[PDB]
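Chemist: This is what each chain is made of:
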Amino acid sequence: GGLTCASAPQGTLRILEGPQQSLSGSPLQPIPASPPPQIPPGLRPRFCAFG
Amino acid sequence: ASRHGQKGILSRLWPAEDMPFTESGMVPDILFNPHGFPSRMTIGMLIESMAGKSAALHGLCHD
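Residue numbers (the entry's author numbering), protein chains in the order written: chain N, 103 to 153; chain B, 884 to 946.
Don't take each hint at face value.
What the hints assert, rightly or not - Restraint-style ranges between C-beta atoms, simulated for each label pair:
no. : chain 1 : residue 1 : chain 2 : residue 2 : range
1   : N       : 144       : B       : 884       : 27 to 37 Å
2   : B       : 933       : N       : 131       : 53 to 63 Å
3   : N       : 147       : B       : 915       : 23 to 33 Å
4   : N       : 144       : B       : 916       : 57 to 67 Å
Claimed, not checked - Facing chain B, according to a computed beta carbon distance under 8 Å, are these residues of chain N, among others:
no. : residue
5   : 107
6   : 116
7   : 135
8   : 139
9   : 145
10  : 150
Treat the hints as calculated values from the structure; they're not laboratory data.
Don't be surprised by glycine CBs; every beta carbon is placed ideally from N, CA and C.
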């Protein structure tokens with residue numbers, strides 16, 4: 103138990119978690135565009151001129 | 884005021900017999916002067932009037 107000074111280390115291992123990327127890199131999934139306003143069907147001339 | 888930034892003082896309470904009647908038998912209830920448009924460019928008031936007339940006629944409510 104003299105606890106002498108040992109030599110300098112050769113290198114460094116570093117352990118850390120890696121993320122999973124099987125999900126991302128996929129084609130994007132955007133929010134679907136709301137439709138442009140379309141005229142309602144069944145619009146008729148309700149007003150007829152008097153006389 | 885309208886909903887487009889067009890404020891305005893009432894100048895005159897104009898009679899209904901003196902008001903310009905349409906061919907439908909209808910007077911307006913507010914007259915607007917068209918010179919509030921060019922310098923101010925509130926085109927959405929023209930679209931709101933066309934849209935509100937369609938909404939009244941067809942019985943709808945427009946977006």
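Chemist: May I ask you to test the interface hint for residue 135/N with respect to chain B, counting a Cβ-Cβ separation under 8 Å as satisfied?
Modeler: violated (15 Å)
Chemist: Just to be sure I understand the hint, the distance between the Cβ atoms of residue 144/N and residue 916/B should be within 57 to 67 Å; is that true here?
Modeler: Taking Cβ atoms as reference, residue 144/N and residue 916/B lie about 38 Å apart, which means the hint is violated.
Chemist: A closest beta-carbon separation below 8 Å is what the hint needs, so does residue 139/N meet it against chain B?
Modeler: Hint on residue 139/N: holds, closest Cβ of chain B at ~6 Å, below 8 Å.
Chemist: Given residue 107/N as an interface hint, is its Cβ closer than 8 Å to any Cβ of chain B?
Modeler: Hint on residue 107/N: violated, closest Cβ of chain B at ~79 Å, above 8 Å.
Chemist: So does residue 144/N sit 27 to 37 Å from residue 884/B, Cβ to Cβ?
Modeler: holds (36 Å)
Chemist: So, as I understand it, the hint says residue 116/N touches chain B; can you test that by seeing if any CB pair is closer than 8 Å?
Modeler: violated (57 Å)
Chemist: Verify the interface restraint on residue 150/N: the C-beta must sit less than 8 Å from at least one C-beta of chain B.
Modeler: With Cβ-Cβ at 10 Å, over 8 Å, it is violated.
Chemist: Mind checking the hinted window 23 to 33 Å against the Cβ distance between residue 147/N and residue 915/B?
Modeler: Cβ of residue 147/N to Cβ of residue 915/B: about 27 Å, so the range 23 to 33 Å holds.
Chemist: Can the suggested window of 53 to 63 Å be confirmed for the beta-carbon pair residue 933/B and residue 131/N?
Modeler: Cβ of residue 933/B to Cβ of residue 131/N: about 38 Å, so the range 53 to 63 Å is violated.
Chemist: Under 8 Å is the threshold here; is the Cβ of residue 145/N close enough to any Cβ of chain B for the hint to stand?
Modeler: holds (6 Å)
Violated hints for the displayed structure, listed by number in ascending order: 2, 4, 5, 6, 7, 10.
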